[PDB]
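Heads up, one of the protein chains got dropped from this complex, but the rest are sitting where they should.
Chain nomenclature is as follows: A and B, assigned in order of appearance, with residue numbering initiated at 1 for each chain independently.
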Amino acid sequence: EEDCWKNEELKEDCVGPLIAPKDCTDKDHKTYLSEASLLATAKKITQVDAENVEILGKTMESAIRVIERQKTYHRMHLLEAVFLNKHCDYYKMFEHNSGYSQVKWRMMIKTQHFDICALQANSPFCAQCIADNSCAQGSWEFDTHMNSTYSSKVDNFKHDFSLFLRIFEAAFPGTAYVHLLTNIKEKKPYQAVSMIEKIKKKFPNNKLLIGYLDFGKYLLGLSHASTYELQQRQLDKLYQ
Amino acid sequence: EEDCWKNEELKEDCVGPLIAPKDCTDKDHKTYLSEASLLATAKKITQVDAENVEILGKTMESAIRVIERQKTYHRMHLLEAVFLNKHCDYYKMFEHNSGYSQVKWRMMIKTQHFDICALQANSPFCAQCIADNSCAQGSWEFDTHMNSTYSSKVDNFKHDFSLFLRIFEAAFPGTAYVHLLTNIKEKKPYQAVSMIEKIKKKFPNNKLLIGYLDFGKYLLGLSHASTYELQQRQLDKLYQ
Partner (left out) sequence: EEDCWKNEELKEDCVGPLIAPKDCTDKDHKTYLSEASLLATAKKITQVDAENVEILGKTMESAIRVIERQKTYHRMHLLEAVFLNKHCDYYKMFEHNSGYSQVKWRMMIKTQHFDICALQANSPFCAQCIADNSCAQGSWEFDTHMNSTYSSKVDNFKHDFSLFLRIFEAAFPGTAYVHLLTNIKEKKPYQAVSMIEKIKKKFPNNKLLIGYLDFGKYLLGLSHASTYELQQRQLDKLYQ
């Protein structure tokens, strides 16, 4: 298990989709400040902090912009915990194939396309999951189809890898994306995979999601992932 | 036939997509107030009302927000009739597979996905219409594929049913959505089907549309439709 409050480091068991409540009771009644008052009575946050969560705007897109701005795990986690306690169905919706919290990433995944799916479209991910949206298959042949192709053409690994990141930040802004970026900067891509696997376990029915995630697990295994270097705005998303 | 002006109740023959003009002449010249002046000279509305349609903003998204706000059939129908007389190609575009009035719902249908299509993707709706966008088939097997699956898992009926509503309001905001919601609150889902069928008859070529509509006709037949209860904002969309 994990104590996300005592931890001064981000650990994968503490990223947003793993720490959200599983379900909710009355979302319309709660506000950020009320749920923060509750964390204070729990002795998780101070009364000072709870009165300081007005830093999240009234709107949801704003709250997320603030959360993304944070430069420490303590602050980012506190804001995420208030946020997801007010929107308690936020990651609950990822249990299904639609939802408001999914709009950004589904749109992105169905619009921005990978280069590998263009180069050879025979692989079941491209021709079955991304197109047909089925994704009920547990069996993808990733290696047979894509290994030599990424081996040869490195800039299409660069493109597909950065695309995978853009999508991941649209799905899970905050701690989860920061954890992933961080394992990449350190030149240890595969240590993100553990988190990804735990994410898969939470949303068994989101078939598009599971497919995309398995593809990312794949890209992270490629040697080319350890040679990838981050653009300046990605580096900015990290911690001080 | 129907007299939509004498009616003090919403009837299905009077919902927006059925009452729009079939085609247009010069749309650029007309404004809301001009077409309202014409309804007044027709003795359908009073000169007072015609001078009161500035309540629709200059923009189209605003006019629709106002129309949706109305709490009576008389007012909602009056505003819809002015609106669709200014945008006289509005539902004309639904005769085809593209158009400005379609942007919201097509985007939604291709982005937000149903849970049934994830659970078993073999059914021709999922694997042929939603993915491949063909939908030229008249034959869907809905019962063989989906009956036992919705029977067992009720929360995926809940999700897919609310999704179907979100899409319907994106396609046909106003009277048509209010008529549908109302038949649902009354615990008589299948009485909406008649309207849906008339809608199908108007846009034979919009194959995505016809497919989605047939799916909704299906969901409305399930016992689970009569047990569905509406979230507060849906109830707000109804009439006083």
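Quick notes
The criterion applied here is as follows: contacts are C-beta pairs under 8 Å (C-beta built on N, C-alpha and C of every residue); 3 or more make two chains touch, one makes a residue touch a chain.
Listed residues A:34, A:62, A:120 or A:147: the one in touch with the omitted chain is A:120.
When the omitted chain is restored, the residue from B:47, B:72 or B:134 that touches it is B:134. In the complete complex, the hidden chain is touched by one of B:180, B:184 or B:208, namely B:208. Across B:98, B:139, B:232 or B:240, the single residue that touches the chain missing here is B:98. Counting over the whole complex, chain B has residues 28, 96-99, 102-103, 106-107, 110, 131-136, 205-208 touching the chain that is not drawn. Hidden from this view is one chain, which touches chain A at 107, 110-115, 117-121, 126-127, 130-132, 156, 159, 163, 166, 232.
Methods note: only the chains that are shown with their structure count from here on.
The mean-CA centres of chain A and chain B are about 34 angstrom from one another, to the nearest whole unit.
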